[PDB]
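The chain below stands alone and is given in structure tokens; this is the form solved without the ligand.
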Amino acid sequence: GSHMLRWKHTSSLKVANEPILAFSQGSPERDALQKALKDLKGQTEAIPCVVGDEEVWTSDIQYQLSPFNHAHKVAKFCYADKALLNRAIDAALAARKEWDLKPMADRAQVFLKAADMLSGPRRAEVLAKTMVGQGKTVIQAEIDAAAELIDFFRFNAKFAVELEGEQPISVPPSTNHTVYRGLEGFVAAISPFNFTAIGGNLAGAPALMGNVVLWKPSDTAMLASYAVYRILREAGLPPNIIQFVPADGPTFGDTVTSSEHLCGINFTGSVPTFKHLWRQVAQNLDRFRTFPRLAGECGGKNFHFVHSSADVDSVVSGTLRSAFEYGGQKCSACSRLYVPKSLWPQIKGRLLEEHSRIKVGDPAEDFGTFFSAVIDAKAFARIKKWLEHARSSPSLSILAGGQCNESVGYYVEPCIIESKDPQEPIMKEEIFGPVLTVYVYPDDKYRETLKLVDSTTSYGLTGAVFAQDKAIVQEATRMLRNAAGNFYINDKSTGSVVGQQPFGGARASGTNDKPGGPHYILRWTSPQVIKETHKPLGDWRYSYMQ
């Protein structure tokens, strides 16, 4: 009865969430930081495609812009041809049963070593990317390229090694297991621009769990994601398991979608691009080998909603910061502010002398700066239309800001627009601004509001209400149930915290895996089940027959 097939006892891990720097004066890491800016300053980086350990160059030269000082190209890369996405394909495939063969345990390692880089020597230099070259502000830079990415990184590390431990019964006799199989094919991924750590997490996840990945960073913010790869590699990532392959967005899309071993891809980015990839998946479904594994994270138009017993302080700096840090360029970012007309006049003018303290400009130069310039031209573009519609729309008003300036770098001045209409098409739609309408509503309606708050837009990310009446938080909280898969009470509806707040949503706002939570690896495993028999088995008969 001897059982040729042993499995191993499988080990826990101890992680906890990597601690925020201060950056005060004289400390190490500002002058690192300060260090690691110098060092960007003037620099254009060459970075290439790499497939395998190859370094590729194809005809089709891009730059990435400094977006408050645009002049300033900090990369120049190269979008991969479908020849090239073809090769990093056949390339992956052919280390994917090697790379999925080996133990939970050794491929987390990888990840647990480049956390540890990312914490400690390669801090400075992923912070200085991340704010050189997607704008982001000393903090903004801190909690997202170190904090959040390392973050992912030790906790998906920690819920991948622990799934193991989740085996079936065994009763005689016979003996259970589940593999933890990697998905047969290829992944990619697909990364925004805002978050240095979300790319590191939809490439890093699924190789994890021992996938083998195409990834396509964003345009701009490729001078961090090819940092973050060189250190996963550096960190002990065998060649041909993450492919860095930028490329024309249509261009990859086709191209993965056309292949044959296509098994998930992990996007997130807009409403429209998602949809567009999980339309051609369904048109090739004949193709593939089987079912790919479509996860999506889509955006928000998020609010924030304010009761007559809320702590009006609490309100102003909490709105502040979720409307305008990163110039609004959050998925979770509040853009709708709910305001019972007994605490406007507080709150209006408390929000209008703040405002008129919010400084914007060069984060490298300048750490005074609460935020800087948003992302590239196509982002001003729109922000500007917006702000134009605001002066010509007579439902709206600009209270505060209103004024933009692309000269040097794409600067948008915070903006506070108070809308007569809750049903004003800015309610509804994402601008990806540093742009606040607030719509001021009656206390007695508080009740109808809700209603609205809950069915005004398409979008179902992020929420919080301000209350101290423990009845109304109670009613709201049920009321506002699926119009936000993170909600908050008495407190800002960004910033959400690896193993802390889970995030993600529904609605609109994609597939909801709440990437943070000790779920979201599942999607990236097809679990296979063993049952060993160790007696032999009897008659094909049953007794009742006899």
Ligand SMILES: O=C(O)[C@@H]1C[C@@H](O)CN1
Contents of the next structure:
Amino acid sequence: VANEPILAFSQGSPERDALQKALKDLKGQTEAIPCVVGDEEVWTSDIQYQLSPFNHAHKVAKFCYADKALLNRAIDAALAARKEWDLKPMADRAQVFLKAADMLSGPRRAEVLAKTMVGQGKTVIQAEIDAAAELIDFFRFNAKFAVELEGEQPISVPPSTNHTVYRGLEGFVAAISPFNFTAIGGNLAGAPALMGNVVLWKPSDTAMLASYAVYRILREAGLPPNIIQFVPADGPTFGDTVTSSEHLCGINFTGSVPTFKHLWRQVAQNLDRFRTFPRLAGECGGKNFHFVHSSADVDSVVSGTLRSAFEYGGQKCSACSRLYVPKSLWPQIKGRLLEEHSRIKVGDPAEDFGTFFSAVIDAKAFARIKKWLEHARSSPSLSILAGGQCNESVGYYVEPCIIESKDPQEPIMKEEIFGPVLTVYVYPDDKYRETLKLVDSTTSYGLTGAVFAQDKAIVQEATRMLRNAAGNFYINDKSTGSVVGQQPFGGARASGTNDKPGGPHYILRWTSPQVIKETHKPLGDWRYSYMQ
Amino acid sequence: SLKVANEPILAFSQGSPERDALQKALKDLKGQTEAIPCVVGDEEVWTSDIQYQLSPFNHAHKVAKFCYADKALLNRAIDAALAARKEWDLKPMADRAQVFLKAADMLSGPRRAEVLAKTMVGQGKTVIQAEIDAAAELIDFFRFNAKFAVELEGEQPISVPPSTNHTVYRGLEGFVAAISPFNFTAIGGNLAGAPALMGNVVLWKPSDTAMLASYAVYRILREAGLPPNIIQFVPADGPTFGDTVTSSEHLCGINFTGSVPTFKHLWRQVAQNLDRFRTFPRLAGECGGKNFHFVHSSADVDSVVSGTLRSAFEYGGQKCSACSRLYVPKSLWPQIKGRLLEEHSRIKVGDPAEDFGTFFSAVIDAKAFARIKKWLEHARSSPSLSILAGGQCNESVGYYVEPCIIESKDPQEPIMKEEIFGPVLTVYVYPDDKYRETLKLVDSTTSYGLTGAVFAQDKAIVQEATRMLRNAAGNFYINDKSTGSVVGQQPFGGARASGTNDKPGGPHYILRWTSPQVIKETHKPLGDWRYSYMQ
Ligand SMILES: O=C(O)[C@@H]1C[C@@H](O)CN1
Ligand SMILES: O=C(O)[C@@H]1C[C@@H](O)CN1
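Now show me the form deposited with the ligand bound, since the one above was the form solved without the ligand.
In what comes next, the whole complex appears, and the chain from above leads the way.
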């Protein structure tokens, strides 16, 4: 398989016309999205709404929370379907995801793009690299990796033949996905299902519209009933219920560190009830850096940092939020950042394709980001250089904000904001090595980071010093935008278990291999010849 | 790339060089006690907590005197290992692999008799059980894991202009605690060695009852060039060791083989302390089984008998893979029962160093002897149980237990569910026409999922049983015994209560001990931050 092409959406292109039509189709619409258990559409009385981030008077979806009883019924029905699904040949399960990929690539591309734009506030290009390219690639590449894994077989020596069976996990997997990438939900539920597991998928409230579109495509591509249950739910209720089931065998999580730790501790408390040891996979965010050496190409520093810090409002686990600049380059980089900042358009991405990024996801995110801006107006070490405005009267709109910190270990240099907030620390050129150590030691995270430098010896030194500061490390490129099969994604420290979705080993977390030895001759006597 | 093959099993025939070498090594150990220190870096350290390892078949023979590391020494070993980790992790994978390939060659040749003899005298193994363990399996772990690790570096991502992508297989940041069991010398070498191969530093707590052979393996690794502070040799009280390593903010992994309750205890300790760790520790555990031999009416009776006798009673049944429940159809039970009882009477139990005619010897220690004796007494009191053969034991000289064959009328008797780790086989006879119902009982009776075998010559029965028993065994055998997996051929492990099933002996095990980093280097300027569609 090859990577899905990123379309250019030029004027008069087929994809731009198709997208504009899909956006027009959605403009005044609310979809009633039920829970799906097997083939049954289930409504509870716990009604919820997904709002359009840039126009929160527009309810894009009405959905409901599954209660404990519905979740337990979804577990029971999934468990009853698991054996038949696990016994299917790997190629037959892969075919579902390959057909779903082809649907997303072609006739459903505009739909999933438009639903990600209106429901999660993404611009055209951010929806294209997410709901199309990345999700399509997850499905195609994981299918390839899984079919290839069946060929990894042990040595056979006469008179015995050995065969490895890549079993699904026995039980069900709980998939808990975040708002910020439509593709991640598809992968968190889809990769375990591909490997023969059955899944309860709790999608993110703030991404329900696009998440359900993906779910329906999987069902239409041939996913049998009760292999993935579509079960929006209150977060704590969902976690309590699945960690209370004796049949839990895995959690595939992406979200906050505290939630992942909570789930981990619930599993540990309940170890005595489970039939097997559940497998927890988590990607938990980062406080990612762009580190600049005095030899860097300034124009690449500027555009790469503007994109990494502000695309999709900074709402990426991989977004740059700390920029380290040598004093000798600061007049250039400050001047260019501030001039380009004034050209950034924030607005409605469905109506204005000139928009660079739009509103942040919801009222909770808006309130959290505003608190950080108020902190930046209070702290003696912080100064807002540009931006700092926010307005939630129409959408949850936060202007891009550039802050300078005189303190390299200020809280704003350490804590994940998940908003369009970039903090810059200016270091003396002669304190370069000491500052590299600060990049490594300042935060608890280890997800992404970039070094900009045109000096080979400097790049080699920085690469060694930052070896554990980033699981996705970039030389002269921005810290966001990993591509399936090219940059498998994840990191350690507090950023998670680093199972590297997008690479060939991720699917191994969702299989429990069995080795069958068949002997084709009689065994003979139990004694040994040396005993005589 | 690396070309390796399994280590050949030697025959130990009369007059052979390996038989003469082993007899000399055994003679050299017979009257000896080795004083085994803790090793931190290159320093031999003694504490006041003196302990002894006894010869299981002659417990008046203290084969080793060692000591338990105290909490101060354990924390000093952590600090020193962490201070050595970055240099070791930055070594090329091929350079780390060379240590284990050299160690494997030493074990294969000049050190073979030493590690065999120490496993025999210290753990009670016969010649062949020591040979398949301390020689063949340990050598194979070192050679095959080295091959798998060198080849893993060639698993690289796609690059598209203008960028080049590379995966760096980093060791875990922190230290790994390796906690090994008494019953296989090879397992301790793998539990400590495989993480070290992948760039980790390790605190190795070996089993008290396997100390002599475990230290022999440790010395061989150091002689093969393992640098100081990469593996710390730290025998310790079990609870004290777990408390110390799970209290360190730098714990990144636990590689464990032993009991279910101990593994669960460590897992809960890590969860309790989650807020202090720099990263999320990785727990790997293999935790035993209650393994089955299932016989269909089409089975070859001779293979059933010899395969079950070996699986049930070799090394006294002290294997995580040993068969302890045998399911026999009523039609074959007369033939099988008579042959089992006849062959049972020919099984020699005795001193494995003095009598190479010994089939198996004493069990490992007084605690195992006491546990097995209580089960034998249960077999004499239960109305559903009857002892068909064996049943006696005697601990006056060694911890000697006869092989015992019990028939249960109840497929759910506690002796059909609980791991004894002794030479105790329980047989359940089922009506031929209930073989499907009985297969469901094989699958549902115990909490374990490690090994199992089906004996049948009917192809359809084999296929049917293979489907129904899919999750009853992670190592499944057709017309062969449930013990004796070979590295590279039957990667070993199972799920349910048997552990995390990381399959040591196969190509994926080492992936638990690496945390990959992907580096993207872009070779052209980035251009503008706007996109063309925005114009
Ligand atoms: O690198 C990035 O920004 C995206 C987010 C994750 O889905 C991984 N790829
Ligand atoms: O299958 C067996 O009996 C041994 C025990 C483990 O070391 C794996 N190989």
